[PDB]
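A protein chain is absent from this complex, but the other protein chains hold their places.
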Amino acid sequence: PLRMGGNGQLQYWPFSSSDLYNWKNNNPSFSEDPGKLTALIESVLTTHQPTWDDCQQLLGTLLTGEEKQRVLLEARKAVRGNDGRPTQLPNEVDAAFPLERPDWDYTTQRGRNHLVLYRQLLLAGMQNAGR
Amino acid sequence: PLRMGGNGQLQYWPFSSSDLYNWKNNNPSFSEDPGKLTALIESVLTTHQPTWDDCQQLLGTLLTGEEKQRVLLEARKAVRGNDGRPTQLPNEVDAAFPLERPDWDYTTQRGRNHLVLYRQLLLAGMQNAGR
Amino acid sequence: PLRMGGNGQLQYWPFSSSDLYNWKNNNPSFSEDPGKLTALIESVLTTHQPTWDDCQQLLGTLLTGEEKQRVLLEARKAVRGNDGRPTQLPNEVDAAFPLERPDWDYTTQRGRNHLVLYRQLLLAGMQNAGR
Amino acid sequence: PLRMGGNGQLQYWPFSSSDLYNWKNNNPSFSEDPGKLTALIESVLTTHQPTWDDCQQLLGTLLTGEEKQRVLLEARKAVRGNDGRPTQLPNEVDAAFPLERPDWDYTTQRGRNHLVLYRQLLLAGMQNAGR
Amino acid sequence: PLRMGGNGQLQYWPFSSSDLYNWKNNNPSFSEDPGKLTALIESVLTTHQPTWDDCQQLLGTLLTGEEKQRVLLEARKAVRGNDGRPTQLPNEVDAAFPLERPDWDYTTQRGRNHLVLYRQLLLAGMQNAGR
Partner (left out) sequence: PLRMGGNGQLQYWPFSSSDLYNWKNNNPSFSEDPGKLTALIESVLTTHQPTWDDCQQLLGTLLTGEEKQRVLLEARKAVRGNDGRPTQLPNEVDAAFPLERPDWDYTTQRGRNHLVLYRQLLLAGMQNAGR
């Protein structure tokens, strides 16, 4: 998670495992009722401002292997080029929604913008995988 | 939640899931007995000074979709104009009780003021929805 | 709760729900054995230095509605005037033990003094209600 | 509890109820096996550097009313006059081991000295009450 | 765990036992399904930035002695020289993946670089042992 520190600088801390497991245990599986976890994750993406690694823990903990895969491919399918249209260009897809750890630095506007987009695409992925 | 920090400045931390689920598990549903969750949320709105996002999280966890919709509707119906009378002017309803994430900056007096009003309206909404 | 922070600043944090429910679960009800919760709350009023809102949360959680109302009624009957003698003057009663949220600021000496007095009266009210 | 802060300034924080109840739940009653809670409290008196209020809370949670009264009685019997010999003079007994909240300020050397003595006497009291 | 604070200060805190045991309790053994604990540990290596001591504690808690010994053996088999080439010269293996506590200092680039390398080799070791 990230939060704005008292000094005007973002501050990082890892998710407590109790939160992750509580979220899991108080909801149906994604397959049973996708709306439940999707709404929970949409909320957390905002309040907890997760990094890319944090998102991997969210997904890894709340979804099964098969569910996560569906979501990730759905998220990559939601990437748009600069012309606002879908794109399947590897470099564009990889840049927006990387499958391997990116070098995004949350102390930079560049890093922050990628994080914003990543979270937006993650949500889209879940919404579409649910449907 | 927001709390005043060491430098007389508001600091933010997300709700602990243990608190949210403890609140859920120790009270009847809103439909079952609205007074209990209403009183709890009234209290939490003050002690935890939640942001707009926190409020969506609080509500989404403690109320069903059906219940929350009812609550948000009553809240918007309780908005008053500068003449102390009910107002249905969309711009005024939306400015006081937005249904989508507003740009309220809690470090500013204006955002702080919007948050106090949002919380009062939410409470009025729960009270009215309860009746 | 309030505590003296590291910059000679009084610092606020909300009660943990785990503490509130643990206190309820490990004691008989106020009606069953008033002495137990009275002693617990007496202690907490000092160790946790609760604000007026904290006190409402505390009482609202540990006492039933009828119990709480009895306690507040008795607290208000235990107000004294500036001569140190009992008073029933509504203005002195409302100033020392408001039933609605006061404008008390814990960063001011006046607010702090009001809080010390409010907690003292709350204890008196619990003792008298118990008896 | 008290701990030395960064600048050698003691900082106060109240006991977590989870610690108090875990200690209770993982030991026999004082009456069943005095040495158990005695050793636990002895240790806490050092690691947590409790204030007078903390001590009341610790004893009030872990001992029954009757057990606690016996401990406080034995503690008071262990008070010594300035000559290092037993004293039963009420002014001396009350200054060293007050039954009512004293005005000790842990930010002063004298308040600190009073607390050290109080804890020492409390341990003696438990030891002797145990016998 | 290590986290970055203020304006760049690394800060150490030991793992919470609740986290370690939750991780253990919500996953199959390494021998039953290596990919699960592997993915979890890989994630933790990044989010919690564990020291060498932390890594021993993490492995010791989540893997049996046999499993842990296999992982460390494989990590050591995957050591490379500074030039990127594989090496099994004893001194270079020991420098990159020590079996005994090293004197790495996280306030120096040399220390931080050693820890980053250790975690990388640990991951490789788990993957290989898993295979």
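A, B, C, D and E are the chain letters, set down in written order, and residue numbers restart from 1 in every chain.
By definition in this document, a contact is a pair of C-beta atoms (placed from the backbone, for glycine too) under 8 Å apart; a residue touches a chain by one contact, two chains touch by 3 or more.
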Using the document's definition of touch, tell me which of D:48, D:68, D:70 or D:114 contacts the absent chain. D:48
Omitted-chain footprint on chain D covers residues 1, 3-4, 6, 16, 18-19, 22-23, 26, 39-40, 43-44, 46-48
Chain E residues that touch the omitted chain in the full complex: 5-6, 9, 11-18, 21, 24, 53-54, 56-57, 60, 101
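Everything below uses one rule, namely that only the chains that are shown with their structure count from here on.
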Please find the path from chain A to chain D through touching chains that uses the fewest steps, and give that number. 3
So, what's the distance in Å between the C-alpha centres of chain D and chain B? 44
Using mean CA coordinates as chain centres, what's the chain C-chain E distance in Å? 51
For chain D, jot down the residues that touch at least 2 other chains. none
